[PDB]
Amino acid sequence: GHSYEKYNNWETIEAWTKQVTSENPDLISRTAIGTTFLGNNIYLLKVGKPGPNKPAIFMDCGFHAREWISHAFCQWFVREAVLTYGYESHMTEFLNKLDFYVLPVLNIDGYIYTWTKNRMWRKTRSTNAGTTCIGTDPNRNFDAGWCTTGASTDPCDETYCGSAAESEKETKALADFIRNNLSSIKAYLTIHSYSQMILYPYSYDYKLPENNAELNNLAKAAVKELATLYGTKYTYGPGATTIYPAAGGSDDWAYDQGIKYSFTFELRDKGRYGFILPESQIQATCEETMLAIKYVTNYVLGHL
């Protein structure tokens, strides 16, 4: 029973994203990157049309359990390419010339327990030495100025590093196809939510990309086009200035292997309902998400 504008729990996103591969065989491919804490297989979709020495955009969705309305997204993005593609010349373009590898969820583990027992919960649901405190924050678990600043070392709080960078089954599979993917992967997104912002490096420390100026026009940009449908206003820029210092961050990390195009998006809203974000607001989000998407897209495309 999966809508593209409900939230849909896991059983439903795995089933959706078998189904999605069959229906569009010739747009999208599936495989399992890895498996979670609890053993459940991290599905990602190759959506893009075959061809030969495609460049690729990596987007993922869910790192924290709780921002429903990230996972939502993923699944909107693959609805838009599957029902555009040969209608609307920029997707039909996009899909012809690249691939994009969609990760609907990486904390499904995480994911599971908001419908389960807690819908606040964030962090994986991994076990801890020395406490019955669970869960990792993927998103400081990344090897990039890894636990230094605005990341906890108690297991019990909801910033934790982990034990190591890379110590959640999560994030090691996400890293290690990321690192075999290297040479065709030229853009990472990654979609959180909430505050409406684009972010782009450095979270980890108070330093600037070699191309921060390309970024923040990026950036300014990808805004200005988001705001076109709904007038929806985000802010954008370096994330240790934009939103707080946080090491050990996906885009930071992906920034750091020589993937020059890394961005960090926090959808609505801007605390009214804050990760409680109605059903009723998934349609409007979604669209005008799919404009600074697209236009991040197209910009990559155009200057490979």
Contents of the next structure:
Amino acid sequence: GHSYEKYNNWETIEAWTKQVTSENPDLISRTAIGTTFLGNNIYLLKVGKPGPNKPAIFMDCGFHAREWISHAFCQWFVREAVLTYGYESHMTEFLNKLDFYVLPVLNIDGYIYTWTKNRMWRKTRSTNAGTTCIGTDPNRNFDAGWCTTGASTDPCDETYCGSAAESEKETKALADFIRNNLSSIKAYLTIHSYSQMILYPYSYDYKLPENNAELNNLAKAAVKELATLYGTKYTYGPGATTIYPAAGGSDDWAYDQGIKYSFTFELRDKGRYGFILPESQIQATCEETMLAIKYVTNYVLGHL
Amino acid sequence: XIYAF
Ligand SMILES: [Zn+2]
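Show the form deposited with the partner chain bound, please, because up to now only the form deposited without the partner chain has appeared in this conversation.
Entire complex below, previous chain first.
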């Protein structure tokens, strides 16, 4: 069955999205924002106490198939939201004043594949013209300096940027949903591993966002809150100089749509286990990440 | 998450 303490396969995660919404209709509603290449449903959980014209924070997990602690965290977040609402004053104020759009797994097809065939798969599972090589890197497929740097035009590479921007059903679906909801989404958070980083734009170029100083201080403060629990050390900064130049990412794209608070989160660890983080580390990773997420939420709330 | 950075 489903556990928050273990990695769950897609069948279990899908059944969980229905069940947790079913058990908490007062705090959660579910939709799909599109389907994947292989016809799976890209679910989105709207977490919050329903009200007219509320602002929102958008968070996705599972961009990259093999980064399983990412998927894990979205599920953890949702449970913590429903558990502490009415019991922990901050989360209670958060759910009352805004919504969280939580997209638990974006790249469902790749995720299934990491379970069925290849644990180290990263990309989507779509076919490509002129080759047998499979998949596009969803985080190289967004219309942000698309395919100009840090991406590959070779479908056989794990940073393949796609035949065109948003060529992928999954990424077009995410981009469509965000455009269509631009006026309410105030922050964009996308969960990855591993590196222990909080990154903001830009990555597709060395330029800096006009609110660079704000973004940097918020990341700084977030990294601090995160450390308070277990002393886990994160680093922070513009993607381009903080890890590497890479075009077509969703964080940069979201920011250029006008969402001023845009962050990629790289969770545990720093390489000892890498993508194959032991399940015994799930709870600790998620707990400390919550503090960073909640700090940002609080900040966004006082800067509407 | 690109290998091997
Ligand atoms: Zn990643």
